[PDB]
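Colleague: Here is what each chain is made of, one letter per residue.
There are 2 protein chains.
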Amino acid sequence: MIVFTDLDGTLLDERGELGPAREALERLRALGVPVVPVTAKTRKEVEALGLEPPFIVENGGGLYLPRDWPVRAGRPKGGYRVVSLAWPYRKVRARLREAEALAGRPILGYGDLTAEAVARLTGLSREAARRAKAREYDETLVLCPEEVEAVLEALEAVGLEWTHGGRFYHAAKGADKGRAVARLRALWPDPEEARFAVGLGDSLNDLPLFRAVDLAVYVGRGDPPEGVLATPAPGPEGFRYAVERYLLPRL
Amino acid sequence: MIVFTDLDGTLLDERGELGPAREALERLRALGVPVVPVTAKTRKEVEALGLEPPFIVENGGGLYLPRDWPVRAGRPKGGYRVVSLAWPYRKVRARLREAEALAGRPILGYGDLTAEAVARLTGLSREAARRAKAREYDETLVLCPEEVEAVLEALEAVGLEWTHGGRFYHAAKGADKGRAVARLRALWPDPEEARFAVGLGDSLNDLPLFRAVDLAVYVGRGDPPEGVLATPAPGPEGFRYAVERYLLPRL
Ligand SMILES: [Cl-]
Ligand SMILES: [Cl-]
Ligand SMILES: [Gd]
Ligand SMILES: [Gd]
Ligand SMILES: [Gd]
Ligand SMILES: [Gd]
Ligand SMILES: [Gd]
Ligand SMILES: [Gd]
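Line by line, the protein sequences are chains B and A. When the first sequence is numbered by the entry's author numbering, its final residue is 251 and no position is left out of the sequence of numbers. When the second sequence is numbered by the entry's author numbering, its final residue is 251 and no position is left out of the sequence of numbers.
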């Protein structure tokens with residue numbers, strides 16, 4: 001069993017805190033159950049969380065493996081090895097300019113804003129904002145509601161893919177959580193341990209994760225996406241419940 | 001006689017060139033008729049144009065005099081004395097934050113953007129955009145056509161003023177071309193030279209300028225404001241005609 005999980009609103013709250021999920025991570029660990037972060041956050045945001053490879057960044061754009069991963073894959077980049085699944089940031093940024101000209105409205109993303117601007121919009125510190133700006137694959141967008149339809153068509157016209165985390169929209173190409181989750185199972189040292197994957201998430205950019213796992217659990221605020229399990233309370237408390245009720249029994 | 005003049009779209013085309021207006025300038029100086037730029041542009045932008053003081057920047061936010069101007073006024077700064085008429089940038093920015101929270105929606109201006117992004121947005125070079133970002137009084141806002149009115153309402157609620165120069169909206173407090181002109185006239189070394197003021201413009205924010213002079217000339221696109229003269233053609237060409245038809249005969 002491998003547990004794949006979203007961060008914000010799932011394993012943590014929107015404020016980084018694990019809450020009633022730490023004790024639920026403790027257990028999973030104690031029973032040797034692998035937990036893999038699958039997030040829209042960048043590498044630097046994940047590291048700041050004290051979280052360790054393997055994990056998936058930027059909506060599936062990047063898979064990170066411990067430098068000494070028993071299955072040789074990707075290219076050494078830091079003290080990890082990286083398997084890039086999506087266009088690099090810079091290509092996405094280029095395409096966005098074409099999208100912008102086509103739409104005839106400003107299309108502003110984190111790459112256009114100062115760290116201080118990103119901080120003010122998100123409620124983060126200047127440092128946390130620097131780390132959110134260190135993007136390698138995926139772009140976070142700041143769209144006013146009124147311009148959204150026009151902008152999403154403009155993205156599709158110039159070949160970009162879009163999703164959202166619940167506040168801000170994201171633009172990328174080849175970044176998909178299922179895809180990255182599927183790749184990592186296929187790179188897993190123990191094929192029996194990876195045989196049964198669990199998936200937990202909270203927003204739209206989680207459906208692809210739900211579809212690439214064998215047990216899908218939604219701990220968000222709405223109605224669960226079709227044929228995915230729900231918990232009594234959102235977030236980490238939903239996470240805790242999921243483990244107690246859905247996981248350890250199986251375990 | 002003093003000639004007060006808008007820049008972009010007036011003395012210079014939207015491309016930044018003098019064209020037919022160089023010969024007019026050339027003749028004005030030869031007759032010893034002071035010309036005073038009155039512009040939305042920053043001091044840094046005005047200097048990249050090779051323009052000497054006295055000049056009025058940022059929609060009247062600031063009056064820049066030569067340091068040895070015969071009439072003592074304003075604060076010393078290198079080669080200038082500066083007369084501040086408007087809140088400082090820092091303060092307008094702080095008021096923007098309050099407005100952004102009141103409207104419950106991002107309000108982004110140049111202060112939030114990289115030079116890179118301002119350059120893309122404006123079709124300027126990075127280096128010019130840096131000049132446009134060096135703002136002392138007035139903020140330029142990047143709004144979608146749709147959201148403009150929730151934003152303007154919010155801006156007034158927090159005590160800020162607003163104005164548009166044909167594309168992007170601007171926010172400030174105290175920045176008024178007409179008031180800067182009236183102050184400059186009252187600071188003029190020789191009163192008799194300042195008795196008769198000309199004012200040339202092209203846009204929305206040029207009205208206050210037209211109201212503060214004795215002879216007003218509109219060289220914009222479309223028909224004049226009630227009580228302002230017009231020219232057969234717009235731009236630098238309208239400036240040259242204005243000088244030949246209205247101004248030179250006089251002297
Ligand atoms: Cl997240
Ligand atoms: Cl101008
Ligand atoms: Gd999330
Ligand atoms: Gd969320
Ligand atoms: Gd989110
Ligand atoms: Gd203008
Ligand atoms: Gd104009
Ligand atoms: Gd303009």
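Note that these hints are calculated values from the structure, not bench results. One or more hints might be untrue.
Each pair may be met inside one copy or between any two copies, as identical chains are not told apart.
Computed cross-link-like contacts, SDA-like style, restricted to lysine to any residue with a CA-CA straight-line distance of at most 25 Å [as the list claims (entries may be wrong)]:
id, residue 1, residue 2
1, 77, 105
2, 173, 189
3, 77, 52
4, 91, 125
5, 77, 189
6, 173, 120
7, 91, 1
8, 133, 90
9, 133, 120
10, 173, 100
11, 173, 54
12, 44, 144
13, 44, 159
Colleague: For each hint, tell me whether it holds in the structure or not.
Modeller: Here is how each hint holds up against the structure:
Neither within a single protomer nor between protomers do residue 77 and residue 105 lie at most 25 Å apart by alpha-carbon distance, with minima of 37 Å and 38 Å respectively. When the C-alpha separation of residue 173 and residue 189 is checked against a cutoff of 25 Å, the pair qualifies neither within a copy, at 28 Å, nor between copies, at 64 Å. Taking the shortest alpha-carbon separations for residue 77 and residue 52, only the intra-copy value of 14 Å comes in at or below 25 Å, while the best inter-copy value is 53 Å. In the homo-oligomer, the alpha carbons of residue 91 and residue 125 lie at most 25 Å apart only across protomers (21 Å), although the nearest pairing inside one protomer, at 28 Å, exceeds that limit.
With identical chains, the CA atoms of residue 77 and residue 189 are at most 25 Å apart within one copy only, with a shortest distance of 20 Å there and 67 Å across copies. In this assembly of identical chains, residue 173 and residue 120 lie within 25 Å of each other by CA distance solely across copies; the values are 22 Å between and 28 Å within a copy. In this assembly of identical chains, residue 91 and residue 1 lie within 25 Å of each other by CA distance neither inside one copy nor across copies; the values are 36 Å within and 56 Å between. Proximity of residue 133 and residue 90 under a CA criterion of 25 Å is satisfied in both settings, with 13 Å inside one chain copy and 24 Å between copies.
In this assembly of identical chains, the alpha carbons of residue 133 and residue 120 lie at most 25 Å apart whether taken from the same copy (13 Å) or from different copies (19 Å). Taking identical chains as interchangeable, the C-alpha atoms of residue 173 and residue 100 lie at most 25 Å apart only when both belong to the same chain, with a minimum of 16 Å there against 32 Å between chains. In this assembly of identical chains, the alpha carbons of residue 173 and residue 54 lie at most 25 Å apart only when taken from the same copy (22 Å versus 53 Å across copies). In this assembly of identical chains, residue 44 and residue 144 lie within 25 Å of each other by CA distance neither inside one copy nor across copies; the values are 27 Å within and 31 Å between.
When the C-alpha separation of residue 44 and residue 159 is checked against a cutoff of 25 Å, the pair qualifies neither within a copy, at 27 Å, nor between copies, at 39 Å.
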